[PDB]
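K.L.:
Could you build the full structure based on these sequences and the hints that come with them?
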Amino acid sequence: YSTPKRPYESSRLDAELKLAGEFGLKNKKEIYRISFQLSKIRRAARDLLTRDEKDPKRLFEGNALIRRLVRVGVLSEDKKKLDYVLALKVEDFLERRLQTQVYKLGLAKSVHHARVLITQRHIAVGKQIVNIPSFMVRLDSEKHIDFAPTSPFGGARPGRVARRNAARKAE
Amino acid sequence: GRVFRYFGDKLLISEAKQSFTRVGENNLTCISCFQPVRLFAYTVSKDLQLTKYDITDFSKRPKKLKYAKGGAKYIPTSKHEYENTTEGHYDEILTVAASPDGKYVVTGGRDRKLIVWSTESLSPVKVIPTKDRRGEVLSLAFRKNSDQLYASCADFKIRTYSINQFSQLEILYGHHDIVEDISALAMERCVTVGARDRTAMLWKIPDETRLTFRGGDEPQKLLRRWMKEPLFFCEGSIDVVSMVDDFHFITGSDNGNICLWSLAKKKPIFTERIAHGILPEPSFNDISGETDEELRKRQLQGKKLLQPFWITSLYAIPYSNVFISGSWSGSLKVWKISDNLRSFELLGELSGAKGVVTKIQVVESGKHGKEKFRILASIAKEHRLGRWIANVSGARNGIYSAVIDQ
Amino acid sequence: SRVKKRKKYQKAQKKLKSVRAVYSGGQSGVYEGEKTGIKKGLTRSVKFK
Amino acid sequence: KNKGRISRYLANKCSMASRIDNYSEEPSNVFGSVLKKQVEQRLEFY
Amino acid sequence: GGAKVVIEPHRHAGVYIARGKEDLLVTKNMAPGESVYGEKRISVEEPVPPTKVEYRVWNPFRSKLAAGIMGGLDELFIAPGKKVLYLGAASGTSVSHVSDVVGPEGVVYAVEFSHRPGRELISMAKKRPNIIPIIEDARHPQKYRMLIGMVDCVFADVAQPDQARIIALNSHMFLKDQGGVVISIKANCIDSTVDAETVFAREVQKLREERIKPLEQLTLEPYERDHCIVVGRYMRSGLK
Amino acid sequence: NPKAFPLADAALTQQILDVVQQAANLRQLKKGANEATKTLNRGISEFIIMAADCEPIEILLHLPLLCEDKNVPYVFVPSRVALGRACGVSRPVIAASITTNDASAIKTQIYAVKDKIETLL
Amino acid sequence: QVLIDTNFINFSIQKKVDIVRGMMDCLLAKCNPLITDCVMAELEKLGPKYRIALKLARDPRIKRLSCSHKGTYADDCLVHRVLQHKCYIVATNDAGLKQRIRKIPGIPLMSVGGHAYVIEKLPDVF
RNA sequence: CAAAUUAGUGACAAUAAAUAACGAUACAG
RNA sequence: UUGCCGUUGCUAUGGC
Ligand SMILES: [Zn+2]
Numbered sequence: 012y013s014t015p016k017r018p019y020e021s022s023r024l025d026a027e028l029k030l031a032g033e034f035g036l037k038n039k040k041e042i043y044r045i046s047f048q049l050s051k052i053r054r055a056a057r058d059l060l061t062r063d064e065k066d067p068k069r070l071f072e073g074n075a076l077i078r079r080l081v082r083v084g085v086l087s088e089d090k091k092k093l094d095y096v097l098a099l100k101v102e103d104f105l106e107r108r109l110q111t112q113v114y115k116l117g118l119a120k121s122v123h124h125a126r127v128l129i130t131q132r133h134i135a136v137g138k139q140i141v142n143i144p145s146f147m148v149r150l151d152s153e154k155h156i157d158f159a160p161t162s163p164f165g166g167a168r169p170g171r172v173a174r175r176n177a178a179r180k181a182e
Numbered sequence: 130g131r132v133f134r135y136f137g138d139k140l141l142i143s144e145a146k147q148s149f150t151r152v153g154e155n156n157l158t159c160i161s162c163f164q165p166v184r185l186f187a188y189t190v191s192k193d194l195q196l197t198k199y200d201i202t203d204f205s206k207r208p209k210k211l212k213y214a215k216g217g218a219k220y221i222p223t224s225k226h227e228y229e230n231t232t233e234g235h236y237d238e239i240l241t242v243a244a245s246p247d248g249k250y251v252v253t254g255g256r257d258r259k260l261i262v263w264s265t266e267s268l269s270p271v272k273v274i275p276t277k278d279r280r281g282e283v284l285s286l287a288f289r290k291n292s293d294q295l296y297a298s299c300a301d302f303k304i305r306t307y308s309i310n311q312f313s314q315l316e317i318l319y320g321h322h323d324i325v326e327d328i329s330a331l332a333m334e335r336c337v338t339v340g341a342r343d344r345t346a347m348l349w350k351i352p353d354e355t356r357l358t359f360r361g362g363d364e365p366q367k368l369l370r371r372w373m374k375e394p395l396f397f398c399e400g401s402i403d404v405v406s407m408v409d410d411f412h413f414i415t416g417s418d419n420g421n422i423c424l425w426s427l428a429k430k431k432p433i434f435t436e437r438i439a440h441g442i443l444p445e446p447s448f449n450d451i452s453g454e455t456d457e458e459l460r461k462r463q464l465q466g467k468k469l470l471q472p473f474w475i476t477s478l479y480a481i482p483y484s485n486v487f488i489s490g491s492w493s494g495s496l497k498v499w500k501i502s503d504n505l506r507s508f509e510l511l512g513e514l515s516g517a518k519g520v521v522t523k524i525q526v527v528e529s530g531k532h533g534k535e536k537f538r539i540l541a542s543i544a545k546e547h548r549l550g551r552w553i554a555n556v557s558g559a560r561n562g563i564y565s566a567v568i569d570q
Numbered sequence: 561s562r563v564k565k566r567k568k569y570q571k572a573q574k575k576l577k578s579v580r581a582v583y584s585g586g587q588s589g590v591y592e593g594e595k596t597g598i599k600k601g602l603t604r605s606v607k608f609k
Numbered sequence: 370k371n372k373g374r375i376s377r378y379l380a381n382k383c384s385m386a387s388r389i390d391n392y393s394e395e396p397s398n399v400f401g402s403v404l405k406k407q408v409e410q411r412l413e414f415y
Numbered sequence: 082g083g084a085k086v087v088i089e090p091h092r093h094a095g096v097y098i099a100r101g102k103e104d105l106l107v108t109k110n111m112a113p114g115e116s117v118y119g120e121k122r123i124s125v126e127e128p134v135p136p137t138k139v140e141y142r143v144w145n146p147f148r149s150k151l152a153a154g155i156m157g158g159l160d161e162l163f164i165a166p167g168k169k170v171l172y173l174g175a176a177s178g179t180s181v182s183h184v185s186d187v188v189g190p191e192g193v194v195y196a197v198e199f200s201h202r203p204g205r206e207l208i209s210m211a212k213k214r215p216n217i218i219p220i221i222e223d224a225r226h227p228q229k230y231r232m233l234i235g236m237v238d239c240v241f242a243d244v245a246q247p248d249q250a251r252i253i254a255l256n257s258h259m260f261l262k263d264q265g266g267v268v269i270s271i272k273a274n275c276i277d278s279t280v281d282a283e284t285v286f287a288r289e290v291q292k293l294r295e296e297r298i299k300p301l302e303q304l305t306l307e308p309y310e311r312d313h314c315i316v317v318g319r320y321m322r323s324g325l326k
Numbered sequence: 005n006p007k008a009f010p011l012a013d014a015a016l017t018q019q020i021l022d023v024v025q026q027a028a029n030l031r032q033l034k035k036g037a038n039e040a041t042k043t044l045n046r047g048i049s050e051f052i053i054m055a056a057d058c059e060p061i062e063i064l065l066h067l068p069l070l071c072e073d074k075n076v077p078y079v080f081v082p083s084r085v086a087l088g089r090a091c092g093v094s095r096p097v098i099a100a101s102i103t104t105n106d107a108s109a110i111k112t113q114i115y116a117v118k119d120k121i122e123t124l125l
Numbered sequence: 064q065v066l067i068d069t070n071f072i073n074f075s076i077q078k079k080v081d082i083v084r085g086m087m088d089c090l091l092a093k094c095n096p097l098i099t100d101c102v103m104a105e106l107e108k109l110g111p112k113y114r115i116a117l118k119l120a121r122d123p124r125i126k127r128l129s130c131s132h133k134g135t136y137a138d139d140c141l142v143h144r145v146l147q148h149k150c151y152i153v154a155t156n157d158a159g160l161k162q163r164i165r166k167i168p169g170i171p172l173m174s175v176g177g178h179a180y181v182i183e184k185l186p187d188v189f
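Protein chains in written order, with the authors' numbering: chain SK, 12 to 182; chain 3F, 130 to 166, 184 to 375, 394 to 570; chain 5H, 561 to 609; chain 3D, 370 to 415; chain 3B, 82 to 128, 134 to 326; chain 3H, 5 to 125; chain 5K, 64 to 189.
Careful: at least some of the hints might be erroneous.
Cross-link-like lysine-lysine pairs, in silico, PhoX-like; alpha carbons within 25 Å at most [as the list claims (entries may be wrong)]: (1) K210 (chain 3F) - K146 (chain 3F); (2) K154 (chain SK) - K431 (chain 3F); (3) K37 (chain SK) - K571 (chain 5H); (4) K118 (chain 3H) - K90 (chain SK); (5) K39 (chain SK) - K571 (chain 5H); (6) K78 (chain 5K) - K184 (chain 5K); (7) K79 (chain 5K) - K161 (chain 5K); (8) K565 (chain 5H) - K184 (chain 5K); (9) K577 (chain 5H) - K149 (chain 5K); (10) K126 (chain 5K) - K292 (chain 3B); (11) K100 (chain SK) - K565 (chain 5H); (12) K92 (chain SK) - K118 (chain 3H); (13) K209 (chain 3F) - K146 (chain 3F); (14) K92 (chain SK) - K126 (chain 5K); (15) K599 (chain 5H) - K85 (chain 3B); (16) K367 (chain 3F) - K120 (chain 3H); (17) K100 (chain SK) - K118 (chain 3H); (18) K126 (chain 5K) - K79 (chain 5K); (19) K121 (chain 3B) - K600 (chain 5H); (20) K111 (chain 3H) - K120 (chain SK); (21) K607 (chain 5H) - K299 (chain 3B); (22) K166 (chain 5K) - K16 (chain SK); (23) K326 (chain 3B) - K149 (chain 5K).
Because the hints were derived from the structure by calculation, they are not lab data.
P.N.:
Structure (structure tokens):
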């Protein structure tokens, strides 16, 4: 990642305040990392617009870029134009992470409940338990985010607090 | 294995001995059969009963042998998803599957269980729950000449089992709606179809990889293709499969399509748009509520709300040249696939099955050049998943057996 | 570091109700009334030029 | 009870009948007949 | 629910405030003794004996104009003797309140295009005689140019993307010079690809291009997300 | 013009039914006619789907007047059976409603379907 | 959408930056540049020394607004129409207009600095 | 102010996580 | 040939 140009202006501070509060982020490094690679993405798409129609670079790298952006999921299926890559922005990228997605699918009650579910390993996309919150789920892994079968919020055996309370109430 | 049984035009069609043995079970749901290398069959219903039949008395109707009826007694005393280890079904058994060797039948439904019953006594030998809340099983298929079961569960999941070891092999993920149907042959490949994502996937199960096949018919380009000189349109939901051989399969859709797909082409090779007709439009005495026939006819909008029958059962005889389609048009259809394997074509109809066809499969007899088969088809008056079905037009809950010859 | 930004964003969006008027989600139940007063002298609308 | 929920059955059938009757332009009687048959079947079931 | 309030005249003529422990925007009732959309009423006994006259609570979550009034608009042009051309009289919800603000000596022309709302408009305009219901498309003012003459304010609660053209056509036909133009702009129904401030700026630019000088805009935010009322006057010569 | 006028063609119908199924999974769908009119007069609804072939038609034609009053898009799907099957319940439904939610993972899809049926309407 | 004024155009031509391409590689987004009629009046009043600047402002890619007031004071017009609406970027190089615009909140400010455009109060530039 | 090597010691803050999540009740203005 | 019930056949159908 890389720090911004003027990192301490008040619009940037209220921006990062709204982003970290609305998406449950821990520090500025999440925003700065995802915005750095978004800057690379649309700095490339700017050059793909500054070259002309029927350029080989524009044709092939343009449909390649919009198809892998659609498959990451930040771009919808119908807007297959290259100016929407310029209209893309940072919260379109961090709505795709797993903490945001767990909360939006409703397995958690807030983004903080989603973050602690993910870091306590109750969430598995597909086959594998994912355990970091900033995961960038894709458009095919969007619908298999569910509770892990190794976890008491799935169907598994209940954890140590529940079983110790059950044992002490059996005593 | 390619298509080595080229016999589509060979056998007779129009004079089958069709016996519709009506049974007293509300909404039969599945049919499982068996042949060694006496033949038994299995049915199961929405009334929570499994029923064993003998079928080997080929020239006459099948014979009831044994009930196995779950009920409200089998509701677990926990409501907890991993102590679901009871011995009977308390809700909506959807699918049966007989073993290729015939020691067991294995069944399951909306009670998210797999109960494996012995054949000789219809007794529950083992219970395997699917360990989560939405884990309702919707289709079961053994791979042929084996002891390995492929169940398709509504968690967008496909579970695999070894039945004689009472073990689960592999859970494999990747559909996008509920995996409404499954199909397998002797290879360790499998072919599943999820309902509304309009894709059929086939799974290399040891590699745990897949090939996806989407649909993609559009009424814009299709009506332009007809406009170069017409009631046909897009697609609702791919519903049923059967793997014909190890390079091709066939899919039954929600808009009455039957499609033929290869292992080497994403888009389908062949379509057949209307396969069982379009439904009778709702009557003018049951659409509007006005007095005059002119306004009650204006409330039909012409042809805009005629909906096609959807194929709710499809069965390809393995490696053969002929498959059978069934819905609530009353008449099963028999189609043969051409020898160049790029098209199929309607041979004939089997018109003695009034109701929804919740299952089709065939039973073989005769030698390499002279053959006769009995086509079993479970007939209900209600779709095998939800109700949704009005205008029950003379239906009965039975087993439509047909005896086809030559 | 996470709980601090959880609780300085809750403070910020409680201060935002003071400066603007925030769309809370529409009419909850029966329309009870304005619950806080109606000023007939104040006009909080942006005049042009 | 049964007497308490026949009121609810008759309520939602009566709302259905009033919708038919208002938004049809020159109404018939046949759907009021069918809903009367339905509610008498429901009360005779109890 | 059975409580007692004090009625007090607002700054705006023809509308009132009922102070209790929650105060209500309130209008006089032109058809006393019934409610039109289920709002609550207030019956005062004003002093032959005193007569029971009554008042109707204007609900800001069911009226963009009441949301504008109690957010604070410096000048409505809907006044107690005027003629208002209501465009998009989608039912009799706000047209009844505009009608009895305008009073018995003024006229509200309620233009609506759909037909079941038109049937309810005619049955409401029976008991409110100062409503002329006009069932016609506002995109063609010539189709009802014979029924309306020389209005004083236009109110536009249409929710179509060709809003500014509809407002301009109806104003050029029937509005008089330095008359009122009250617009309820819904950003999402104009277009949703741009933000709300972009579409409000474009609509205000369209109004001054059709020579309606905007005086005032209000976002009306606690009652509607991404709405606006723009109050302008029809200048007709010299926005400068 | 019939009574059930703004009917959708087949591509729009399948787009509508796919987002109906996803909202039903995400608990954002209120299904049935009187639940739909309840959520419509409450104001938590983004668009209403009526099926244009139930056994009366005025039984759900009461809802376009409500949608017109509150400026909500309404669209007619030509199959109550397919609408119930998309809703995920074991019966045909004749009307359904997409409730508003901003912690909703399908908001872009719902907004795209709203734009399509509003340019239709 | 970016409101231009006269010294921004003059500094663009003095630094050899294209208007729409300089805006695009400054913001990495698609820009719509707007010349108000008062900015255009000011460029025309600048005389026949500034013919190059006037007929570079006459560009079909640069859209143009219609201000409705007397006089041609572009700083007043830009300040009023930006504090009315808050959907505008202001591209300017006047020190006084830069101080006005960066004192009113929520308004990003663009300016020719060095050999390309810079942007300050827009918090999403990378 | 990193004298140990004869798979291990001998970091250059470079790297993704945590230091809590969800409820109930009471009392204030 | 079945949960009832009807025609039944001395086997096929049709209403819930
Ligand atoms: Zn100007």
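K.L.:
Each of the hints needs a verdict: does it hold here or not?
P.N.:
The hints, checked one at a time:
Our distance criterion of 25 Å between C-alpha atoms is met by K210 (chain 3F) and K146 (chain 3F), whose separation comes to about 20 Å. Proximity of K154 (chain SK) to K431 (chain 3F) is assessed by CA-CA distance (about 24 Å); at most 25 Å being required, the pair is judged to hold. Using a Cα cut-off of 25 Å, the hinted pair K37 (chain SK) and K571 (chain 5H) holds, with the two alpha carbons roughly 17 Å apart. Distance check on the hinted pair: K118 (chain 3H) and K90 (chain SK) sit about 16 Å apart at the alpha-carbon level, within 25 Å; holds.
Taking the CA atoms of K39 (chain SK) and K571 (chain 5H), the gap is about 19 Å. The hint holds against a cut of 25 Å. In summary, the hint linking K78 (chain 5K) to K184 (chain 5K) is supported, as the alpha carbons are separated by about 22 Å, within the 25 Å threshold. A threshold of 25 Å between alpha carbons decides the hint, and for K79 (chain 5K) with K161 (chain 5K) the separation of about 22 Å falls inside it, so the pair holds. The hinted pair formed by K565 (chain 5H) and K184 (chain 5K) meets the criterion: a straight-line CA distance of about 23 Å does not exceed 25 Å.
Among the hinted pairs, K577 (chain 5H) with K149 (chain 5K) is consistent with the structure: their alpha-carbon atoms are about 20 Å apart, no more than 25 Å. Distance restraint check for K126 (chain 5K) and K292 (chain 3B): the Cα-Cα separation of roughly 15 Å lies within the 25 Å cut-off, and the hinted pair is therefore satisfied. Between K100 (chain SK) and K565 (chain 5H), the direct Cα distance comes to roughly 22 Å. Compliance with the 25 Å bound is thereby established for this hinted pair. Distance restraint check for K92 (chain SK) and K118 (chain 3H): the Cα-Cα separation of roughly 21 Å lies within the 25 Å cut-off, and the hinted pair is therefore satisfied.
Distance check on the hinted pair: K209 (chain 3F) and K146 (chain 3F) sit about 17 Å apart at the alpha-carbon level, within 25 Å; holds. For the hint pairing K92 (chain SK) with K126 (chain 5K), the CA-to-CA distance comes to about 23 Å; that is within 25 Å, so the pair holds. For a cut-off of 25 Å, the pair hint linking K599 (chain 5H) to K85 (chain 3B) stands: about 20 Å separates their Cα positions. A threshold of 25 Å between alpha carbons decides the hint, and for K367 (chain 3F) with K120 (chain 3H) the separation of about 20 Å falls inside it, so the pair holds.
Of the pairs offered as hints, the one joining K100 (chain SK) and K118 (chain 3H) holds, with about 23 Å between alpha carbons and a cut-off of 25 Å not exceeded. Annotation: proposed proximity of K126 (chain 5K) to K79 (chain 5K) holds, straight-line Cα distance about 21 Å (limit 25 Å). A threshold of 25 Å between alpha carbons decides the hint, and for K121 (chain 3B) with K600 (chain 5H) the separation of about 21 Å falls inside it, so the pair holds. For the proposed pair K111 (chain 3H) and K120 (chain SK), the alpha carbon gap of about 18 Å is at most 25 Å, so the pair holds.
Under the criterion of a C-alpha separation no larger than 25 Å, the hint pairing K607 (chain 5H) with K299 (chain 3B) is consistent with the structure, at around 11 Å. As the CA atoms of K166 (chain 5K) and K16 (chain SK) are separated by approximately 20 Å, the hinted pair is consistent with the 25 Å bound. In summary, the hint linking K326 (chain 3B) to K149 (chain 5K) is supported, as the alpha carbons are separated by about 23 Å, within the 25 Å threshold.
Going through the hint list in order, the structure satisfies each hint without exception.
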